[PDB]
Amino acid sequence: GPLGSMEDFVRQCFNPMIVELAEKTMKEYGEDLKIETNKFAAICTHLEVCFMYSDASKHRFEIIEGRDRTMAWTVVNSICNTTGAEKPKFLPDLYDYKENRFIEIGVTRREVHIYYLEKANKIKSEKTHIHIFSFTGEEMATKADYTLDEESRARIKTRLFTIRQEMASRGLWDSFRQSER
């Protein structure tokens, strides 16, 4: 049974723009995708989830994820100046203009409730909303408020499922699942 390479998978599976933004995120952190390739895949996956989440409701969200860090903070600080939002301690992923809050999107291969609790412990915010997806359909969100409707979230979950089945098909899932954290 053949075992594919994760780089081949990422470049074949993810949109060119997503791959390029992921390369940029890794460079900005000085990470080498040729060595940390499971991480490369996880970054692309996280980017794509953030984009799908925003696209579920045109106009509602500002995207923070994907931007260079300096531009990301520029955008965050502008949103805070404009809307009166409290400045987050860590860069979030989106800003929700309807619910008036920043959102941290988590995508995990670990148990979603534990991942959620860890995220919540890290950001130290009474305000930032957290929404966690797993690759097998489970999710967890702040105050049991899932923000988007069932169809939109199903679209995201189906995508995560497809990625996982594609990986497994190439023998890449075992390592990807086990490599997190």
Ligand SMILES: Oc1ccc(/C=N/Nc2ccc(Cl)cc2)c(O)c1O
Second form
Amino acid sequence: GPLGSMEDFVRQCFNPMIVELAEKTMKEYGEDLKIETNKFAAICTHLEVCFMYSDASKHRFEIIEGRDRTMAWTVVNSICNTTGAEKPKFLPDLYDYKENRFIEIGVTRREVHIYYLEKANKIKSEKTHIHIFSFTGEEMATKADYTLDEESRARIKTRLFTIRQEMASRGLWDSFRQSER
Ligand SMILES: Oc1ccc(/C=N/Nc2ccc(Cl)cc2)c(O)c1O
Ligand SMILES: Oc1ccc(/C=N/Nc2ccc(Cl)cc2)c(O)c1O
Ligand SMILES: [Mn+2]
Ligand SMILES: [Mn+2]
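May I ask for the structure of the form solved in complex with the ligand now, the form deposited without the ligand having been displayed?
And the full complex, kicking off with our chain again.
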């Protein structure tokens, strides 16, 4: 039927804090949200997932993603100094105080195993744990260790589904999906 605006969708669907942080991430990349709207949506989604992952167990995780790059590195360095954790080469998304490791969060509509292998190939760090979510409910994680319980992860998955369903309902899903990578 009607074909909506992705910008409208993002602003109606995500929390304003998430939207603004997303805008900042894009601006930090010099990129224009009004042209790269699908990517804007992707950034909001990834942010929301990182935030949900953290809220699934308050104070277990330190959030790295969403901060200014400089500030993010200061947080990472302080964590490494306090815990003795090995400094990663790339900025990760979270730190798990319980399992004593950084976490990289991926969100994709590509096939999750391939996506996982790509992330793990890029990272090169034996320590950073990778957790990949797809919009279809599949997930993939380092050493089949999924960190959180089924309830929490299902909450994340459900949110992803809701996003996909509302996109599809506005006619936005095809473009969004095809726009990855
Ligand atoms: O889920 C994630 C996927 C990618 C990134 C970081 N990407 N960084 C990056 C991506 C593209 C260029 Cl050209 C330069 C740097 C990242 O920080 C994530 O949390
Ligand atoms: O030009 C670009 C547009 C989008 C992306 C990232 N897209 N990520 C994404 C895109 C679609 C789905 Cl369904 C899930 C995740 C991106 O990395 C780009 O460089
Ligand atoms: Mn990140
Ligand atoms: Mn990530």
